[PDB]
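Asker: Given the coordinates of chain A, assemble chains B, C and D with the ligands onto it according to the supplied hints.
The lines below spell out each chain.
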Amino acid sequence: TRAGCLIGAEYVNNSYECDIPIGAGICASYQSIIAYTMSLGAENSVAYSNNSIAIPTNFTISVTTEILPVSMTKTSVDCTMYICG
Amino acid sequence: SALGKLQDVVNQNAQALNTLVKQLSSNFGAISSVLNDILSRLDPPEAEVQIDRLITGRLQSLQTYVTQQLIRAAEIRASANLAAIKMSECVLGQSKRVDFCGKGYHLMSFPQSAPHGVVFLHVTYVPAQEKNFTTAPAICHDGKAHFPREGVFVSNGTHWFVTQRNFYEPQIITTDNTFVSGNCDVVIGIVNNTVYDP
Amino acid sequence: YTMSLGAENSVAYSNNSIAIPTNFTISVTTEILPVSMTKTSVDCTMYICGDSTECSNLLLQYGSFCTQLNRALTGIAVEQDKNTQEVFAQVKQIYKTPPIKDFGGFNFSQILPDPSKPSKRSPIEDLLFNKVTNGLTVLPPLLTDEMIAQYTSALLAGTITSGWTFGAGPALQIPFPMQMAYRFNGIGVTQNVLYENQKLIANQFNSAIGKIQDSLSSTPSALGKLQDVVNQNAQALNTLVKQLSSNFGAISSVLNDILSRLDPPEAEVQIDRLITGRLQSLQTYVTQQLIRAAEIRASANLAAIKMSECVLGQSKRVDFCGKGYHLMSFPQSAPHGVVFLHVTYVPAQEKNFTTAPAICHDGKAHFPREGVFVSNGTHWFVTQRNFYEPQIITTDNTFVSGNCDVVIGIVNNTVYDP
Amino acid sequence: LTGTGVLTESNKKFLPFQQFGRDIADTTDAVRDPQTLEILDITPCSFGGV
Ligand SMILES: *[C@@H]1O[C@H](CO)[C@@H](O[C@@H]2O[C@H](CO)[C@@H](O)[C@H](O)[C@H]2NC(C)=O)[C@H](O)[C@H]1NC(C)=O
Ligand SMILES: *[C@@H]1O[C@H](CO)[C@@H](O[C@@H]2O[C@H](CO)[C@@H](O)[C@H](O)[C@H]2NC(C)=O)[C@H](O)[C@H]1NC(C)=O
Ligand SMILES: *[C@@H]1O[C@H](CO)[C@@H](O[C@@H]2O[C@H](CO)[C@@H](O)[C@H](O)[C@H]2NC(C)=O)[C@H](O)[C@H]1NC(C)=O
Ligand SMILES: *[C@@H]1O[C@H](CO)[C@@H](O[C@@H]2O[C@H](CO)[C@@H](O)[C@H](O)[C@H]2NC(C)=O)[C@H](O)[C@H]1NC(C)=O
Ligand SMILES: *[C@@H]1O[C@H](CO)[C@@H](O[C@@H]2O[C@H](CO)[C@@H](O)[C@H](O)[C@H]2NC(C)=O)[C@H](O)[C@H]1NC(C)=O
Ligand SMILES: *[C@@H]1O[C@H](CO)[C@@H](O[C@@H]2O[C@H](CO)[C@@H](O)[C@H](O)[C@H]2NC(C)=O)[C@H](O)[C@H]1NC(C)=O
Ligand SMILES: *[C@@H]1O[C@H](CO)[C@@H](O[C@@H]2O[C@H](CO)[C@@H](O)[C@H](O)[C@H]2NC(C)=O)[C@H](O)[C@H]1NC(C)=O
Ligand SMILES: *[C@@H]1O[C@H](CO)[C@@H](O[C@@H]2O[C@H](CO)[C@@H](O)[C@H](O)[C@H]2NC(C)=O)[C@H](O)[C@H]1NC(C)=O
Ligand SMILES: *[C@@H]1O[C@H](CO)[C@@H](O[C@@H]2O[C@H](CO)[C@@H](O)[C@H](O)[C@H]2NC(C)=O)[C@H](O)[C@H]1NC(C)=O
Ligand SMILES: *[C@@H]1O[C@H](CO)[C@@H](O)[C@H](O)[C@H]1NC(C)=O
Ligand SMILES: *[C@@H]1O[C@H](CO)[C@@H](O)[C@H](O)[C@H]1NC(C)=O
Ligand SMILES: *[C@@H]1O[C@H](CO)[C@@H](O)[C@H](O)[C@H]1NC(C)=O
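Chains as they are written, first to last, in PDB author numbering: chain A, 645 to 675, 691 to 744; chain B, 943 to 1140; chain C, 695 to 827, 856 to 1140; chain D, 546 to 595.
Next comes chain A alone, as it looks inside the complex:
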């Protein structure tokens, strides 16, 4: 690999989502451990034309989670007691 020599992983020709990143586009996964070039996503070709439009006939109400840290643990390490007891 461009990130270096890889031992113990068999380089398959398939492309999957990145499980364990190696570097330079190569990822590793356990199916035996395999190495592969990561797949950026399913290929899609939108049917564009100069007079065609796609209008949704239905909808899906989806709820997704976003987790954001707010605060850390408040510590106050006493310098004198730490250094000297």
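Think of the hints as simulated: they come from the structure by calculation, not from any bench. Accuracy of the hints is not assured; some may be wrong.
As the list claims (entries may be wrong) - Listing some non-contacts, in silico: residues in chain B with all C-beta distances to chain C over 10 Å:
1. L945
2. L948
3. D994
4. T1006
5. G1035
6. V1065
7. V1068
8. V1133
To be verified - Straight-line Cα separation of at most 25 Å, BS3-like style, residue types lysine-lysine; simulated pairs:
9. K733/A to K1038/B
10. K811/C to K825/C
11. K1038/B to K786/C
12. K964/C to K557/D
To be verified - The following label-pair restraints were derived from C-beta to C-beta distances:
13. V656/A to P561/D: 54 to 62 Å
14. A1020/C to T1009/B: 12 to 20 Å
15. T734/A to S591/D: 39 to 47 Å
Don't be surprised by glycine CBs; every beta carbon is placed ideally from N, CA and C.
Answerer: The following block gives chains B, C and D with the ligands in isolation, referenced to the frame of chain A:
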């Protein structure tokens, strides 16, 4: 591992504290890493040298810990400012910013408290079950170019309708849902259809 | 000289005068945002001591300084790939433009990928990539330049062929003139203005993209942000390597010379001096890298927000996605960064008019439904606010509220009943 | 000039008095061999993280 973002903060803080504690067991070139041993073994002239080495090492460790804590607290403050902005613009109102309050067209958000963090439940409207249509920029009727007031012109194959853009609801093209602007000779792709006058 | 803050401009304010644009300019502007740094790793023991073993034995007395430095650098290295992922991996489908590039006269050849080039980069991307140029290792980024360009091409294809629909769900195809008519509606301009001026808008857009390419090519200081990031990283690494030539108060800066000239009694203290100096240098470098990485993470978060709100949708936020009324934005991959091409609607060729808050007719006060009342000097019209399109004042483009006795400045006119 | 490295044949044209060669970061990357005057590139031994 859904809550890995808060767990990372907790583990980073715990690991930093553990490293700070374990630095007390390094002698930093002194004869011992325990101050009591140096105090009980040597006279003040040499005990001063050993304690000076220990003080240098421990002060360096404390300064390093405080610097990483300051940088980490800056990151956490940035995250908290982002969370406050998300609270205001996603929970206290409906946001038009794309991908700021979930994936899709934001309807509302709900906050949920979490240990050392916040969890947002982003309710979004996701379009589904799309259908192909033939469309036109304008409708030519009686030498007038008609444009949709709010929606889009769609053809189901034989008839032309006007529907709202985000949900298929075909309606008869009328003078109430369309407006007139100019002639038919300017708009590229204008099609011929009747505009019903109620 | 005392600097000039700008040209003085006394706006012709009066209590009944308005300026309504009669034309417009489609302008494209570039925004450059750094996204990632160079991922560096340090063999701390190798940097301090090299190959000598008793130097590492002395370094063992300092505990876990090297482990903590390596942990910080590893965190920065993972953070760089995370930054790139948040900026560019904003879609899970790789969209492709159709083989026929019939977009109603609009020409995206300077930002679409060039099949002739082996790198599959756009001409603007190719130009951007051409402009930007002891125990220490440099780790390659997880995403290659080709894959970042593939993300960029997927985003471009999605926005060209589907507008903002692919960022909120399934990509819904729409003809590009109608997409830009939707974007015109998004800034308060009626879509007939676009349809009646489609060729002119397309020519203005193409000329603006060409001028963007020429401006980027001919200005060597336009990409100064990415070059500054690269130069800062290179200079920090060079400083770290050059710190090994300092003796830090010892007899020499080479451990081998001290070892071969002195016995362990004083060689130990000289090596300890070298160890503390080099460890201080390494700690300074790592702290500087942490601060720099925080700045780059802020820039990358901003770039991800720009991608989401300017490329995947039309933004109402003023000056967020360029100067003017934002229409759409196009991403372009750059070395260690992203370049946004912001397409904005700039009103031009404004004209003076006499305006009124309301029209008094039949003892009733009429207010515009979505426009503004203007007078060309003799007759009163209602026009949309961002483009001079005078229309006869009727009961369909106006609404009634009360009588004429309350509104200050209401003028008399006839409201035609169709 | 003690150290560890890989010595190869070098095409660098040393001046007739130069015994060592340093790069931008003042690390020795070429030495003139004293016994027979030949230029030997110093390439660092293959280190790296595991
Ligand atoms: C709209 O029509 C186009 C073409 O008529 C459809 O695109 C085809 O979809 C099928 C099945 O997904 C593929 O096998 C073809 O290769 C596609 N053709 C092209 C040119 O892309 C498209 O799926 C239709 N859209 C909907 C919502 O039905
Ligand atoms: C729109 O999609 C919903 C699903 O999200 C459809 O509701 C389903 O309808 C079928 C048959 O009527 C039922 O068997 C399912 O149980 C329904 N699902 C839910 C979640 O209610 C709905 O019919 C669709 N509407 C149209 C017009 O296609
Ligand atoms: C397109 O829509 C029109 C109107 O909704 C359809 O015309 C109707 O077809 C039904 C059954 O075929 C008749 O009972 C109605 O009388 C028709 N209405 C009119 C005004 O003609 C038409 O069939 C649709 N075409 C397609 C291909 O779906
Ligand atoms: C749409 O309608 C217009 C007007 O009814 C059509 O224009 C006429 O086309 C005929 C046939 O080519 C000519 O003989 C007339 O001179 C045209 N009149 C005008 C005013 O242009 C037009 O062809 C129609 N378009 C389509 C696609 O049917
Ligand atoms: C609208 O009218 C005003 C005044 O009638 C114009 O303002 C003048 O602009 C010229 C040119 O810069 C100045 O020399 C004058 O001093 C301005 N007068 C005032 C009172 O400000 C303004 O240019 C007109 N706007 C348009 C678009 O024609
Ligand atoms: C609005 O501005 C555009 C320029 O951006 C004008 O277009 C020019 O018109 C002149 C004369 O008609 C031509 O010689 C130029 O070649 C045109 N330039 C372009 C880029 O098309 C346009 O005429 C202006 N519109 C109004 C109503 O004044
Ligand atoms: C879109 O723009 C490109 C470049 O602006 C056009 O490519 C030029 O085409 C002419 C004639 O074919 C050549 O003489 C130029 O050398 C081309 N320039 C470049 C940079 O390739 C292209 O023709 C335009 N139109 C379309 C439909 O792609
Ligand atoms: C203000 O607008 C009115 C209506 O658009 C103008 O009146 C027209 O003027 C043109 C030529 O000046 C004539 O060909 C039309 O017959 C007039 N129509 C009507 C209904 O009077 C008027 O000239 C404009 N005034 C100014 C100062 O621009
Ligand atoms: C607008 O029209 C109204 C009514 O047509 C005018 O109001 C009248 O003005 C006359 C002359 O000043 C007075 O004698 C009446 O008492 C007014 N009647 C009311 C009900 O106010 C008004 O003056 C006109 N405004 C302008 C600027 O001409
Ligand atoms: C689409 O292009 C065809 C020619 O390829 C043309 O006849 C038709 O009018 C165009 N439609 C629109 C809406 O531009
Ligand atoms: C502007 O002020 C003048 C007095 O100077 C007044 O007569 C006129 O009605 C005012 N117009 C508006 C629209 O307020
Ligand atoms: C030095 O020794 C080498 C070894 O054989 C020999 O080739 C060379 O001629 C000697 N003299 C000089 C001046 O280098």
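Asker: Confirm or reject each hint.
Answerer: How the hints compare with the structure:
No Cβ of chain C comes within 10 Å of the Cβ of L945/B; the nearest lies about 17 Å off, and the non-interface call holds. For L948/B, the requirement that its beta carbon stay farther than 10 Å from each beta carbon of chain C is met, with the minimum near 16 Å. In this structure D994/B is separated from chain C by more than 10 Å, as the shortest Cβ-Cβ distance comes to about 13 Å. Annotated as non-interface, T1006/B brings its C-beta within 10 Å of a C-beta of chain C; the closest such distance is 7 Å.
At roughly 14 Å from the closest C-beta of chain C, the C-beta of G1035/B stays outside 10 Å, upholding its exclusion from the interface. Listed as a non-interface residue, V1065/B keeps its Cβ farther than 10 Å from every Cβ of chain C; the least gap is roughly 14 Å. The beta carbon of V1068/B is not kept farther than 10 Å from every beta carbon of chain C, the shortest such distance being approximately 5 Å. The Cβ of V1133/B lies farther than 10 Å from every Cβ of chain C, with a closest approach of about 13 Å, so its non-interface assignment holds.
For the given pair, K733/A sits about 36 Å from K1038/B by alpha-carbon distance, which is inconsistent with the 25 Å threshold. At most 25 Å may separate the alpha-carbon atoms for a hinted pair to count; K811/C and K825/C meet this at roughly 17 Å. A distance of roughly 22 Å separates the Cα atoms of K1038/B and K786/C; the hinted pair therefore holds under the 25 Å criterion. Using a Cα cut-off of 25 Å, the hinted pair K964/C and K557/D holds, with the two alpha carbons roughly 23 Å apart.
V656/A and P561/D have their C-beta atoms about 57 Å apart, which keeps the hinted 54 to 62 Å range intact. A1020/C and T1009/B have their C-beta atoms about 18 Å apart, which keeps the hinted 12 to 20 Å range intact. In this structure, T734/A and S591/D meet the distance hint of 39 to 47 Å, their C-beta atoms being roughly 43 Å apart.
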